[PDB]
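Q: Once you've looked at the hints, dock chains B, C, D, E, F and G against the given chain A.
The residues making up each chain are set out below.
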Amino acid sequence: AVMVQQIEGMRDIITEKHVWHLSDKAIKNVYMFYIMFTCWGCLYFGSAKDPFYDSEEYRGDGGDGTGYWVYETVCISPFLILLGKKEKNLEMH
Amino acid sequence: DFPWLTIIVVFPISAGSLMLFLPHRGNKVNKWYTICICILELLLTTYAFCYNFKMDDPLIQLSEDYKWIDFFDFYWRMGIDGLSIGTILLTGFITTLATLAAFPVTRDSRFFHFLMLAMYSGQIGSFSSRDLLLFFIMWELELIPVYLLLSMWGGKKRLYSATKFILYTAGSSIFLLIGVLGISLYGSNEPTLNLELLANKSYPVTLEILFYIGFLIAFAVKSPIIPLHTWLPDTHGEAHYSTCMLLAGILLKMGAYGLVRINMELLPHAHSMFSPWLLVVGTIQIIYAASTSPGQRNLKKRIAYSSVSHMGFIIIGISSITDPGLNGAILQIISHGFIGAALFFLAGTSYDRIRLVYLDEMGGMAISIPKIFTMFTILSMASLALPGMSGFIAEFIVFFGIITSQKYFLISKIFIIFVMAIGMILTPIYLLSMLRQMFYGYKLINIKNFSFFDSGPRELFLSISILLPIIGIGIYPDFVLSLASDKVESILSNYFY
Amino acid sequence: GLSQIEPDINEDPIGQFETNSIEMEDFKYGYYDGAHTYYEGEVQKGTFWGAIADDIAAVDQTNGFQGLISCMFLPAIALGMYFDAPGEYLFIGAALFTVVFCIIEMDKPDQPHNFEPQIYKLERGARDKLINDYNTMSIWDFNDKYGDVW
Amino acid sequence: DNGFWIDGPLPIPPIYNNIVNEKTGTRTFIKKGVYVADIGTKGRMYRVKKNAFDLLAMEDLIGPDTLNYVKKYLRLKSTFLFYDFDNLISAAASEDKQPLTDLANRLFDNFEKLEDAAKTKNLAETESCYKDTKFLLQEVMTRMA
Amino acid sequence: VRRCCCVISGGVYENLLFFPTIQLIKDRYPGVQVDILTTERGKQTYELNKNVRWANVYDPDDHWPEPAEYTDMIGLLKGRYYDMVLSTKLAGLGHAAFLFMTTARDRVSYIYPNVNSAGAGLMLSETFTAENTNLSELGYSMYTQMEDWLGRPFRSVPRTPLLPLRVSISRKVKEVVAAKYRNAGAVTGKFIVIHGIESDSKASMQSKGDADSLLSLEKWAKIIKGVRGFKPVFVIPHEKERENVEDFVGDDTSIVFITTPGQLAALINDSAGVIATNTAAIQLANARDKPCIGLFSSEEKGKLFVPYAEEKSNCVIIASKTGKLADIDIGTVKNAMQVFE
Amino acid sequence: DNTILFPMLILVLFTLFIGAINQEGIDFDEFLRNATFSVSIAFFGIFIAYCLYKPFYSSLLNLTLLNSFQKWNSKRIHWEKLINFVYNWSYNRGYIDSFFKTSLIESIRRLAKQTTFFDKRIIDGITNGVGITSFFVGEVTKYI
Amino acid sequence: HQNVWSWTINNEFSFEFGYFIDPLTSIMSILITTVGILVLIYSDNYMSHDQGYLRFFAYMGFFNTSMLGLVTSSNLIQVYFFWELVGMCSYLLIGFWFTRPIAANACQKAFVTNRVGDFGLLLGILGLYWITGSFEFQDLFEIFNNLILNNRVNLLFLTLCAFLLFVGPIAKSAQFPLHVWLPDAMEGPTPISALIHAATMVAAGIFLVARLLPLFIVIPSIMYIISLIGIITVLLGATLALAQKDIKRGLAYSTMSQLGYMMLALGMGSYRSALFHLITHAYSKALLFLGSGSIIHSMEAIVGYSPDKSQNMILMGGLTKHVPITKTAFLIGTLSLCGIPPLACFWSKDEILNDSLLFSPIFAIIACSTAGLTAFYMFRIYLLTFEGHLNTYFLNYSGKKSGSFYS
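Protein sequences, first through last, are from chains A, B, C, D, E, F and G. Everything in the first sequence is counted per the UniProt record's numbering, starting at 65 for the first residue and increasing by one. Everything in the second sequence is counted per the UniProt record's numbering, starting at 9 for the first residue and increasing by one. Everything in the third sequence is counted per the UniProt record's numbering, starting at 51 for the first residue and increasing by one. Everything in the fourth sequence is counted per the UniProt record's numbering, starting at 76 for the first residue and increasing by one. Everything in the fifth sequence is counted per the UniProt record's numbering, starting at 115 for the first residue and increasing by one. The sixth sequence maps to residues 544 to 564, 569 to 576, 601 to 715 in the UniProt record's numbering. Everything in the seventh sequence is counted per the UniProt record's numbering, starting at 69 for the first residue and increasing by one.
It is worth saying that the hints were derived from the structure and are not from the lab. Treat the hints with caution; some may be incorrect.
Not the full set, but computed from the structure, chain B residues with beta-carbon under 7 Å of chain C [stated by the list, open to error]:
hint : residue
1    : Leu-30
2    : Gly-34
3    : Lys-36
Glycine included, each C-beta is placed from N, C-alpha and C at the ideal position.
Isolated chain A (complex conformation):
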């Protein structure tokens, strides 16, 4: 572990070189513990009060959980107001 190395320019070096490794089993065990932590969180925080996707902000307007609900909504509500406008013109504005 201890080695003295001579160098012309500056000084001597007292290298130590603790060659180690986590080991094959401990690596498997940290994979195990992190997957178990992922299980615990996936269940618990999945059972947490998700404050955004519960209120009338998301779930109110549309809120299906898609990414086209905004665009299909603002493409439908024009159609709904146009249909209500035709219904209003059906009964003399």
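A: Only chains B, C, D, E, F and G this time, still in chain A's reference frame:
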């Protein structure tokens, strides 16, 4: 001994097929049923990986062979390499967190979570199969379900992107079928399909180059290679966050992993002819997909091109005929799996909160969503190849495999390293442009009347859970190298002589 | 957002690259960026345990038992090593925990944010899937506005 | 041989007429591809010392359920030592050449025994071989220094 | 037909004058789900139709679109399964293939007079060769070929007009524009819109064929000082003009920021007078029988953009003797006093 | 406050203690003529700053000299170019920031627009032209 | 002492993350720890009226950790590791006030500039693994003494690799090409303007060159390159600060000049005088930056919070009457930069010029001219702030004060 990989692969479908009608007309029951199934499958995968997978032996473990169709010699070959177990655990982790992120979906959530479990089975089937035609089956089995959870969930022009993706991927899977047909039929006497029996064949160069073309056109779209990469910025950039974090997380890695299985150790003398040009292609790919990303006003297409850029290092490590190069390719597969998964997750949640897409609009939202801001910043740093994150050690070990390459010479190594490391100047540009456009600033019309909701504990757990392996692999890379490196030698032993 | 009317197109597409922030001419430093706010005196107590447990209680759908097992699960796996080395017992117990949690997450409350977007019309409390097994209410056709007020 | 990217076999580095091999084959701890830098005779003479010091300070790495990394570090630093001894022998003074190549042979037979003990996950034989290979590592370290 | 597309172009004005055509279509057949593939600034007008369904944004006069967008909209028009198209994009080949790629039974389109329509007849059911290549320069009608084809005499009468330009406002736009002019110094009954201001903006709803359509402010200051105030509310196309208008006509004058033509029509319906120049405000005033005066740069453009001035009996059309929109500013005041009270 | 002064006081103690650091440059790792020359040029810079920025009511210089300073430089024509160029230098930041934000980051932005053009128009153009051409030949061979 | 460990052992990697405790490391460790402690004590009250105030100290602690790992670094792997982590903490600290967009442009530029430097650093340390196959400092110093006598290594390739290895220090120490990040890094807090430069991080660009001097003196043309970069950026650091109306930008350009003085001293081979200059500069200009922050937070009560007012050196005016301790601190710091002999630090610059003037005619007389310019602009910075009338409540200019007085 025991059918392990089979009850890994079939279990999501065989447990989602229990949702035939299942009269529970809220998203709660099927959401929890399928996240429970995904956790159970992830734990089965780990118990196969921990207590029944020797990490030193660079051979097929948990092997399992049946007889499905005798005419094709088509078996149910299953097997785990050192370069495939990491992708399998990544499939488990990322698809599990994808169905966690899909908790708020409620449109046709039964069908959504069933198709998620179908992808969850098909991806592990593609990664765990040691039969060529079975690799094709599980390649095309993650084509319809992704289409159905891409066209009816997520994205404005979702139908265009979905049909583009399905036809592009099918038009490349036919090239894959040309390849498996060529190898099986015109491979040798006694035609077979088992890759374990197949990796020590002759394949003369006039035929090996043909098989390599037939398989490279197949894997050039899944790991996008820049002539054939246009499906991604439409597909990812117009998909939901839960689907997109496995479209980039694990679906993009087949094709990168495939270039290791059926190109690198099945057609080695032809890969020694084609990798010099795949190197130039990947070096141009990094710069091209890092210069297109500032060109994108969109937030999600920026990250799609980011994935096209970070796949360039995997292309380079694959085309680097070295142990460091391929180990960096596998490590970048896993690292960018985590990174792109969490980045697309955060971009989707940012779109759900803000309901703006382009970076010209969507100014300062850091005070509105600070948790999303910090998680996006940390994962942009991980995308940046920043030390302390897995991206650095990946995008450095690939460089080290270049500079320690025996194939290439210094006149080429200089040019390749130069064009590779311009990528890490251009990647700060687009990533921090995204950050300063979408988070740094103050909008006077957004003072208090909006008061958007911050990252809930679920989404925070998503991002943190995908972050901790990135940090753990940045501080100790041998969580990913040690499971592959021995197998990598079993690749490169076919190359040096 | 909602945008019942069609929004006004901006005649100034500020730029492909530069952010959408206000200029420094109109930026009130200190108050906006928080560089001179936070005058101590308006702050509150709750030193690190009266605000952690407050935040845990702020976001939680866990009852007495589900939740207690959640608090005792990760300590059980953490003592799966450094106290013993059972092996498959850990994974069997973790699967049992997941399955019993999912069975528990078939909650008696149904919390109408779980349901489809088309359900949000009004009066959805009279809808009671919480108690009524085999609901038998053909409202999920989603092609016509039936009167489900009975 | 088109300048950039020599193609075809991807040859190994050669063995220049030395008896440093095994005579029942070439050698078994040889890593196929490693970029041994062609420094120069003083640089090789010092890098032998450094790699032997590494293999010497690999004492902590040895233990139960860790022999795979032992084998990997062994074959790596022994491949470095192999090519460095090859360039040192091929550039020796022809009077210290024969003792140095006999030293390399009796060192590499022990590295072969150590790799055979560690690849087979034999811990007790690994350590019992590590004893005299540590003697040999200190011997080459005090020779090069 | 059952579903009918419309690939129209031009902006605010040209999309507005297509409402007679769409009402003609819905009068010809009982039930027609009409769709419009128009440009931005054109979809907004389609709040005021009560006869349309989708009204997407395409900008068909791009000629060089993104192939992603091009193929997306091609597949969209395919997957909506139309039976008629009725482009009036004014292009032959190239665009004729864009209409043919849509599975449409009756491809109808306009056609360039030049050689650019080399092979449009190979893909279209109707030709409709046009005039001036700048169809809005043709004036208010702009669709007489499209109208005199639509509902030709086959069984019954054409009935090509239905009390032309019955635009219709919703209650939400009415409420928000009411709050807008009440935040201004105006009352819901007694106020007058303007909608002529020198600007550089596409929100003034001018035309594609008229350049000197928008009048200056100092000349507008002299116009509005010549008339006693019936509280003229100013309709700016952009906020940068507000501090200009207050610099010209005075701080006391009330200005209302309207760029959406639906909001503009909601302003017209509540207004009791219109002094518009050649914008969409004139036609929105002639809709709902509101009293306009309608300044113009020439009697030719005035007859072209207002041919039916003799039918509403309130829109006393005004023009300029010479060109360049240099009008009298004297007699316009006199008949403004006549008609507004 | 005092906790802002205490760091400044410790750093004053340092830079006064560092000014006397038998030497320890060898242990760790024209003398007065050069010294007075360096102090002369430093004191010259000090004096050029002093005669300008130190006000007349507090400067230790003599008023008879401070008035002749402005009397010799009351024209401000040769200084109206030197001061002008120095302020232009300090305000344009040597023009190097402008050169980089005109030819290095704007060059990269032009290149990004060029490359996303090449991607979206004429390599996504081929991928989309396959489909456009399939639609067109389908409609043609349907109607011919 | 080089207590190396083993990071990864798979193939040629054999990575280590050891700590090369040499005289230079020890200097850098005390220089980081002392100024970091004092800047933390400073930020206890500079940031006490900040809303987001704990994340500032998260960034600062991570910055100190990262720099302490950078200087305690056995191989170019760990050097590079902590180089980019320093770039990260610079980005975060400069864009600490993310709400203001000028800080956004500042932090995006800073990280892009640091990565234009780190580009060079990466394909230089990889070029060194090609030429040497080292990834360590113990071997590099024992190889490069005799490597240049061989035949395969091209001397052009060696000077190219060394220039690219220096491009990193060019960016971190704000040298002529990549100097643009420093005068725009003032958009963050003042404590970071004391720690990012005049301190740890710009000291890192000097540390790397001081640590690689054993393999830069051997390579022929790189030393002249370093001297030329330093002598270009001592006048680009000097002619810039003559008319900077801001206090922090003027101090930043002065830092850009002193770091060029250090790179020149390394360009002369003077291994010791460069580090003594670094020590005295990092204990003087950090003092000046803390004094500038105290000046600023004295001025906020006058002009409110506006960096175009509360940092505008012209209307700082006269503060000797009001803030005497800060006056003495800033005066001692500026006189330490000018090289005052008895009550300040002249002897560093004395050794600089003594080892410089008998080397070359180009890099001597212009260095002395820039020293005179340094004295000029630093005393201008002192005089426009402290000595005189207040220039903001001045009754010849401020009509509000007049209207408030004559009631």
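Q: Hint by hint, note whether the structure agrees.
A: Here's how the hints hold up against the structure:
Because the closest C-beta pair between B/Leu-30 and chain C is about 12 Å apart, greater than 7 Å, the hint is violated. The restraint placing B/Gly-34 at the interface with chain C holds, with a minimum CB-CB distance near 4 Å, inside the 7 Å limit. Contact between B/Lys-36 and chain C, as hinted, is supported at the beta carbon level, the nearest pair being about 4 Å apart and thus within 7 Å.
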